[PDB]
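Q: Below are the chains, spelled out letter by letter.
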Amino acid sequence: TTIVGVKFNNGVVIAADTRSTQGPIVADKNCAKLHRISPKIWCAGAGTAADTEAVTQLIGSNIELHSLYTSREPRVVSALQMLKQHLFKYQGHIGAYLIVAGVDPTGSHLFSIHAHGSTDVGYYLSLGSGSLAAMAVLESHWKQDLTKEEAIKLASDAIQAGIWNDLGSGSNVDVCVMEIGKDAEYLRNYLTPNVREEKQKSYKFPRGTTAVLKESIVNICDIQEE
Amino acid sequence: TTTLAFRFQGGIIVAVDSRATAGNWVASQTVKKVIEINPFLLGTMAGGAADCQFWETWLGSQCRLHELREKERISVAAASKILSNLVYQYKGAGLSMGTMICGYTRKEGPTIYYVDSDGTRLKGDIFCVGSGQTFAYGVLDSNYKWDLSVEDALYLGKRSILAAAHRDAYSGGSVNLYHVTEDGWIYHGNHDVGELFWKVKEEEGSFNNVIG
Amino acid sequence: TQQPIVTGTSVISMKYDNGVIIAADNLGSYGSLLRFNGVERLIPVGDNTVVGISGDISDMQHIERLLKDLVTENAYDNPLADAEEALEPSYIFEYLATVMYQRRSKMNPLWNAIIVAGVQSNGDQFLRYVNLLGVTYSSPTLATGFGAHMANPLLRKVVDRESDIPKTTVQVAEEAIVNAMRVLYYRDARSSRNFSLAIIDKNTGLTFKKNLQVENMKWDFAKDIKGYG
Amino acid sequence: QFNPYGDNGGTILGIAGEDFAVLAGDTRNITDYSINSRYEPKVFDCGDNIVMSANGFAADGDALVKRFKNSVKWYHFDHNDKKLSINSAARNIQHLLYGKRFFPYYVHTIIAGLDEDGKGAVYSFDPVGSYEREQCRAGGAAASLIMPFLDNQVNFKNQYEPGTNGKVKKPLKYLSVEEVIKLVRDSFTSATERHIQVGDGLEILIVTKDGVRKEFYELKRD
Amino acid sequence: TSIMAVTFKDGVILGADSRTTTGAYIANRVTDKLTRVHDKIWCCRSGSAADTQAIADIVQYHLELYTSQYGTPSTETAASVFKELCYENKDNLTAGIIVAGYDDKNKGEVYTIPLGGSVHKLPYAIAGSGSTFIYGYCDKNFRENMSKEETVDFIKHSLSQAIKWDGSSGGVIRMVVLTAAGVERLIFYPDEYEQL
Amino acid sequence: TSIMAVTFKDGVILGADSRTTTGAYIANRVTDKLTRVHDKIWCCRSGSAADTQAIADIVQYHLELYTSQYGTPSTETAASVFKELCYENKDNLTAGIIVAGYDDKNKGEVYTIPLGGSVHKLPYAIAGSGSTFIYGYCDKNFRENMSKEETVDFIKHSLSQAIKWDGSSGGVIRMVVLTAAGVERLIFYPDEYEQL
Amino acid sequence: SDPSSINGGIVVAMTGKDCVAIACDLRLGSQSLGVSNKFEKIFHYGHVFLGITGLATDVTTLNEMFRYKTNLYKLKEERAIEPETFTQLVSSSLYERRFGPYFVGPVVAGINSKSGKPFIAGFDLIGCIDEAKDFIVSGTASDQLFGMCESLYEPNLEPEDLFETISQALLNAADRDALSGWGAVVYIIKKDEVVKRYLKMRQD
Amino acid sequence: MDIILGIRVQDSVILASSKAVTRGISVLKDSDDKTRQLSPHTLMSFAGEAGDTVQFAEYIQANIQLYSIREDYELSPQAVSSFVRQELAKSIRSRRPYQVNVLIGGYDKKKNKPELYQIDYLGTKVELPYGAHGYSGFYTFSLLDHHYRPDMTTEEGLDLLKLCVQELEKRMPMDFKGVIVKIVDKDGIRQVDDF
Amino acid sequence: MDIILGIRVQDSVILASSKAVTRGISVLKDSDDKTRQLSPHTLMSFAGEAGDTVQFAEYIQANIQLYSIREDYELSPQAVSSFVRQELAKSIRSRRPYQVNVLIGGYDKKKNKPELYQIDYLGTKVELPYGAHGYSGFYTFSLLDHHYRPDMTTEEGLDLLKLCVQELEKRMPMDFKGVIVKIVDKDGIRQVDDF
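Chains as they are written, first to last, in full-length UniProt numbering: chain A, 30 to 255; chain B, 76 to 287; chain C, 34 to 262; chain D, 20 to 241; chain E, 20 to 215; chain F, 20 to 215; chain G, 2 to 205; chain H, 1 to 195; chain I, 1 to 195.
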């Protein structure tokens with residue numbers, strides 16, 4: 030689990046790998062981290078998948094309601110408070126850990142929320158098991174006023190580093206480039222390191238290789254009218 | 076695991092499965108649970124596999140030394156007791172053994188001593204040790220007689236495993252039939268239980284609880 | 034049963050074309066309290082080997098003393114020896130490993146994580162790892178603890194495989210180690226500003242550069258943020 | 020409290036053919052999701068065309084090998100250089116693991132070689148102590164992941180002849196050396212994706228009467 | 020995370036280390052800690068960043084509503100509101116909040132609310148994990164109704180020791196000087212203060 | 020419990036308090052813990068009194084034998100013999116022992132042996148309950164090759180703050196002055212330095 | 002440990018082209034005691050098939066519940082539930098009881114009515130959408146099938162080439178697992194015809 | 001212990017219930033029924049925890065009675081069995097569990113066939129020719145499969161029953177002070193008193 | 001199993017000893033009598049934990065035999081029972097205790113006196129009219145207190161024994177599967193005709 034966010038003048042870029050695992054068994058080779066609160070506020074979830082999913086839905090309905098009532102897309106600062114106050118209620122039994130990034134009229138914003146409702150502010154952050162590994166790329170090459178181009182390439186770089194040293198980090202990186210006042214450009218599978226090599230020898234078997242006891246025919250279609 | 080033994084006039088029929096599970100999965104279906112301590116004795120791996128193997132490899136030595144010294148065949152009694160002493164004294168060493176020492180002398184006749192990790196040594200006519208012992212006993216008891224014919228005992232041994240194998244999770248493998256005759260044990264083939272199930276199904280009209 | 038009391042921290046190291054480089058900051062922490070801020074954790078044995086020892090300081094001196102004796106023992110019998118049966122990084126290494134596993138078997142280890150770096154009599158570069166449980170491996174890049182996660186990935190960008198070893202010059206390697214140590218000071222608390230650097234090169238022997246400082250601290254990002262205010 | 024026994028992951032695989040035997044394994048060495056060592060071999064030659072890997076807790080396995088090397092030296096010295104048998108080695112290994120039974124060693128060991136007959140032969144050790152002759156046996160935590168493939172590509176277990184639908188089982192067929200190496204590659208390649216223990220390299224030492232061949236293939240790093 | 024607030028003639032100067040740590044890892048070293056709950060009542064936060072925040076956000080709503088309906092909140096009155104939440108959530112949360120304020124009427128005032136919750140008015144106060152090292156320093160170098168220039172210098176120095184002996188303490192010493200003039204933020208990097 | 024030693028120009032001065040408490044009760048307020056192991060190598064004891072007291076007797080007899088057969092022990096030699104017993108028995112025995120002793124060739128030497136048990140030469144050393152309190156105060160005030168009278172004063176300044184902050188520190192400040200002169204006792208009442 | 006491991010048992014689903022297979026073992030045992038050789042695990046509400054593993058009481062109570070909720074749906078919406086809708090509903094309902102959780106691993110399978118796609122999905126204990134087209138594997142022997150299917154996997158198969166593959170995989174995996182055995186049933190859904198197949202296996 | 005064993009023959013259900021009721025170390029009484037009739041063709045025999053079973057078996061009896069009157073139609077075994085399963089899913093998640101294992105052998109009088117349900121305490125219903133509880137089924141499930149064939153009459157089942165009970169007393173140290181046999185068939189509930 | 005009984009009558013000592021051997025929940029054997037003949041006039045029955053039963057019983061047997069032969073003189077029964085008490089008084093303080101309850105019946109040939117010693121597990125030996133061990137013994141202590149009289153002949157001693165046997169089987173859920181009763185008397189050791 031490797032997730033990074035990096036600011037630029039024209040927005041914020043947040044990217045993550047989509048190798049998700051349930052135990053040491055690779056459950057999924059593609060399972061997007063990246064959830065939608067709103068079309069310009071996207072976030073990625075760490076911790077348990079079930080935890081992030083349940084929560085992201087709850088707050089994403091809440092913001093929607095708020096967005097209509099006020100007829101203006103709410104602030105990214107609304108969304109930080111909202112996450113925080115909910116999680117506090119369960120006293121951190123539900124452990125959801127997110128990087129919340131978004132753009133809005135106020136400007137571009139980068140926040141963290143954790144299980145017990147701990148936050149961190151900063152121009153650049155990273156989260157999960159491979160957070161340590163990503164932060165490492167980010168402290169050497171960061172620069173005041175990164176440009177769109179520079180920040181995207183740097184964010185994907187940090188992920189590639191994560192892939193190599195952290196083994197729940199693998200497979201394709203999905204990137205959401207969120208630019209202020211303009212439709213988020215989803216650069217789905219910006220870097221793919223993978224290679225698949227088919228079976229060298231065909232493993233197809235002729236039919237009736239497999240033994241059968243008895244066959245039957247059933248229907249699920251409604252019963253006949255006549 | 077299911078392993079069983081019965082004495083009758085013709086000697087002893089010993090029959091074992093071959094399955095060995097590690098965790099919830101089948102590790103192997105080829106661990107032969109017959110240990111040829113020597114040509115006269117059969118020991119079973121039932122209980123703790125490793126403990127049984129290690130300590131009957133040991134038991135081979137003690138039988139051999141005896142045979143050398145007094146130059147006559149060892150009683151089943153003498154060998155099982157020697158085992159019993161060793162295992163009591165070391166208990167609290169993760170020992171879990173459970174074995175039937177099977178042998179047919181004229182000194183004593185057919186003789187079975189069940190040896191146990193605690194150090195217990197129990198004689199019986201009929202013993203059944205296993206997780207699936209419980210299934211085996213139903214079919215075994217009702218066809219068990221001392222004056223059961225030899226021919227019928229051979230069938231009985233296959234049937235007793237077939238039954239256990241079917242119900243118990245930790246048993247499958249294959250049937251090894253052995254007869255402990257006067258002169259020593261004789262091997263009576265390997266017969267796959269998987270296959271035997273179908274023959275038997277057809278032949279008696281049994282296995283009717285089973286679909287179809 | 035030995036349990037950690039006084040503590041140590043990450044050691045970073047790498048292979049390059051004509052030798053190897055090992056570096057480590059100089060700390061002997063007592064937990065949160067940074068009690069001793071200059072306890073030199075790199076212990077050279079000859080020019081041949083520099084043995085980096087992390088974890089307890091108490092056991093660092095226990096082993097230090099074993100090595101002192103080991104030099105004398107080697108010099109006893111056939112003293113015209115100097116490069117024959119005389120110590121190699123591997124000689125040293127093997128000794129430590131064997132003692133260590135026997136200590137673990139009495140359920141009371143010497144609680145350290147250790148990297149032996151040095152240059153064999155053949156000239157071949159040696160890097161081999163051993164730790165308290167007794168995990169043994171050699172790798173073109175090696176780091177411990179915090180270093181493992183953070184200063185290892187940058188090392189790999191360079192020496193990605195065997196073939197990259199020759200391409201990596203002692204100069205790139207030198208930039209690489211030095212740059213990496215700054216990062217570890219920034220984002221780990223344990224890490225001090227002072228650090229030591231040791232280069233075992235087959236041609237120039239030992240070049241031991243002490244008391245170098247980490248500078249070019251980033252507060253350019255500090256001043257941007259003021260958070261909620 | 021110190022960790023009593025580590026784990027260092029890894030998967031190995033010993034296959035007994037009828038004229039060769041391979042002992043395969045990855046080079047990936049791990050603790051948690053960090054790669055401790057990308058390249059670090061694990062199959063070791065023990066001589067006289069017997070290969071050995073004691074997979075699982077690496078430290079226990081280093082010890083086990085280290086002692087066995089010494090024993091090979093004293094077996095030959097007293098017995099006028101009698102070729103150290105495969106079975107003889109096996110009995111030896113059982114006896115090292117049973118040595119501490121109270122806190123048993125935590126290694127799942129496989130030795131492969133040729134039996135004296137001359138068929139490829141594999142013997143497998145469960146840590147509890149016991150050993151037995153085996154046909155195909157993978158070891159480690161992904162032992163269970165790999166085995167079903169082999170029991171449906173060579174063993175032909177639960178395969179029957181096309182059109183009988185079960186009357187006549189599809190009989191065993193002996194495979195060349197090559198055919199098995201491909202099979203070993205594909206199993207391991209699939210496991211790189213589906214398990215984080217397997218990757219970096221697939222180093223295979225193959226033992227024949229003709230000597231020792233070494234085979235290498237790279238596996239991915241993702 | 021050491022924190023302090025120290026009275027001077029013209030009022031009070033709060034200073035604070037800015038790190039937020041997860042373990043030995045520095046999670047964030049530019050985190051905000053001198054947090055505005057009212058115009059000239061600001062607070063230094065130690066303990067779990069989550070717990071204290073919860074308290075602080077509830078109080079921040081209270082003090083705005085206090086000011087409009089019941090006129091200006093005293094520092095003592097405000098400490099009371101903080102004290103009630105702390106006291107009831109003494110086991111449930113561990114929160115150590117220095118609530119400090121400047122009244123033009125009463126000059127600099129410091130209240131320390133420990134984890135168990137209680138209003139204790141003190142001339143000057145030190146909290147966090149580094150407090151200990153500089154307990155002895157600070158007592159000796161306590162001058163009354165200090166010159167402003169000195170006050171800045173004094174805090175820099177006290178915290179400078181803290182950072183050498185405890186790794187958690189560290190990062191920028193941010194300050195807010197609360198005097199009749201208003202709210203002035205100052206920022207001081209280790210380049211400036213660590214040498215001294 | 021607060022103990023210390025500080026080098027200076029002409030040697031080293033060993034200082035200690037003397038108040039030892041069992042629970043809240045002061046069991047003895049005048050406890051001696053400057054214990055002579057050698058004519059000019061003394062040790063300062065903190066931790067468990069039972070254990071340090073046993074340790075110190077064993078070392079003591081060892082250094083007598085060393086003096087007679089192998090010639091006079093130096094401060095380093097002593098530090099090792101203290102270390103080795105502390106190390107093997109790090110877990111059973113709790114020991115915070117400062118071994119300091121004075122050679123005319125090397126002036127004052129101070130070596131601290133923590134619980135873990137290792138030799139670390141320091142220009143000055145602090146231990147016990149009260150050392151946390153003064154950790155920064157002493158660094159700020161450290162001065163190398165200072166006058167003998169300034170050394171007396173310093174110990175007094177720092178420890179008074181330890182008593183304030185820690186109520187188990189206190190009673191007479193005893194001293195053993197090691198310089199070439201010999202061995203000199205100084206005793207300073209609370210009455211003097213607390214008000215100073 | 003978990004109550005789902007005490008009864009064992011597996012479900013596996015695979016994709017073909019415009020056709021799906023979904024199969025299980027008919028063994029339900031409670032550890033040693035084999036109880037049934039005919040306990041079904043795959044159930045259907047129309048064309049959206051619901052395979053369920055784990056804890057036995059939990060299977061039955063939830064099958065009845067999910068019966069309950071899709072029955073409300075069909076009358077309200079006046080149209081057959083979709084594969085897609087059903088997936089989202091299942092997850093939400095497992096998170097409802099976060100504490101005192103459900104001790105099951107359901108598998109949703111189907112062919113979309115309007116889009117014609119073969120679809121499969123998986124869920125954890127407290128429920129999440131897990132997309133992975135090739136297979137969704139479950140139960141105690143989940144690892145066995147992960148590796149086994151991926152080596153054999155060849156994309157978008159015809160009905161007849163698919164039947165062979167899932168049969169081969171279920172068969173060897175079962176015999177290499179203690180708690181899975183006795184009979185099997187496979188639903189090959191061609192597009193909306195269901196041929197329903199009991200496989201012969203060497204029962205022990 | 002306290003066995004409840006059942007086997008379903010061709011045209012009826014035969015349920016055996018122990019006479020013995022053991023409240024621990026002492027057999028507190030050695031003859032006393034262990035079954036209660038829910039409906040004129042539906043019978044529910046019970047074993048599990050002490051005194052919990054007493055309470056549960058009587059409340060379960062009344063519910064069914066009520067219903068039955070309402071619809072003027074005795075609830076079928078199907079309906080009866082599912083009702084009970086429902087109650088147990090609530091019970092196993094309860095603040096205080098009520099762990100009772102049951103066999104409900106009933107005559108489905110609306111299809112004219114016997115039906116035997118095995119319901120364990122967690123609540124799982126399965127229709128089967130045989131099911132049991134305790135250590136009864138681990139010895140017999142196999143013996144019954146051998147000797148039983150769908151064509152077996154009831155009379156035969158009773159002779160087999162004796163033999164099945166006989167092994168159990170032998171290979172388990174427990175003794176059940178035999179079983180009273182109750183036959184549930186088309187005629188209703190009839191006593192078999194030979195046993 | 002949990003029962004061993006003894007009754008010392010007028011002109012003999014009578015021992016009854018369980019046949020059941022239950023190793024868990026299965027009765028592995030229903031016949032073997034848990035006794036070891038120490039002398040033709042001295043019998044020891046025994047009960048307790050698995051493994052300790054067989055080692056101890058046989059170790060004691062060996063020691064008495066060795067003694068017997070060395071001097072060609074059968075040691076008094078009084079001496080034999082003291083022997084066992086000491087070995088046990090050692091055990092309980094040792095690394096590994098031996099937890100075995102034993103009834104030691106001997107007919108002193110010379111003083112023509114029956115003598116029954118109850119040695120419970122601890123190493124508390126007492127000589128009594130009658131005794132037992134285990135929980136089993138409680139039930140039967142009443143029938144012995146009331147009906148016993150010294151003047152009970154050997155024959156009357158059998159009769160009372162059957163009545164005790166019957167009560168034990170009724171109220172214990174575990175049947176001990178009947179008893180092998182042997183008589184230790186001046187004739188020596190004989191097994192009762194019936195049992």
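Simulated from the structure, these hints should not be mistaken for laboratory data. Hints should not be assumed to be uniformly reliable.
Here chain B is said to cover these stretches of chain I; the calculated rule only asks that three of the stretch's residues, wherever they fall, bring their Cβ under 8 Å from a Cβ of chain B [said to hold, decoys possible]:
{"no.": "1", "region": "22–30"}
{"no.": "2", "region": "53–59"}
Computed far set for chain A versus chain C, every beta-carbon distance over 10 Å [as the list claims (entries may be wrong)]:
{"no.": "3", "residue": "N91"}
{"no.": "4", "residue": "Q114"}
{"no.": "5", "residue": "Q173"}
{"no.": "6", "residue": "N194"}
{"no.": "7", "residue": "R217"}
Positions of the beta carbon are idealized from the N, C-alpha and C atoms, including for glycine.
Q: Against this structure, judge whether each hint is valid.
A: Checked hints:
1. For the region 22–30 of chain I, the stated coverage by chain B is satisfied: 4 residues place a CB nearer than 8 Å to a CB of that chain, which reaches the threshold of 3.
2. With 3 residues bearing a CB less than 8 Å from a CB of chain B, the region 53–59 of chain I meets the requirement of three and the coverage assertion stands.
3. Every CB of chain C is more than 10 Å from the CB of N91 of chain A (nearest about 22 Å), matching its label as outside the interface.
4. In this structure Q114 of chain A is separated from chain C by more than 10 Å, as the shortest Cβ-Cβ distance comes to about 15 Å.
5. Distance check for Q173 of chain A against chain C: the nearest CB is about 6 Å away, which does not clear 10 Å, and the non-interface claim fails.
6. Here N194 of chain A does not stay apart from chain C, with its beta-carbon only about 5 Å from theirs, under the 10 Å limit.
7. Remark: the non-interface label on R217 of chain A is consistent with the geometry, its nearest Cβ contact in chain C lying 25 Å away (cut-off 10 Å).
Checked against the numbered hints above, the structure breaks hints 5, 6 and satisfies the rest.
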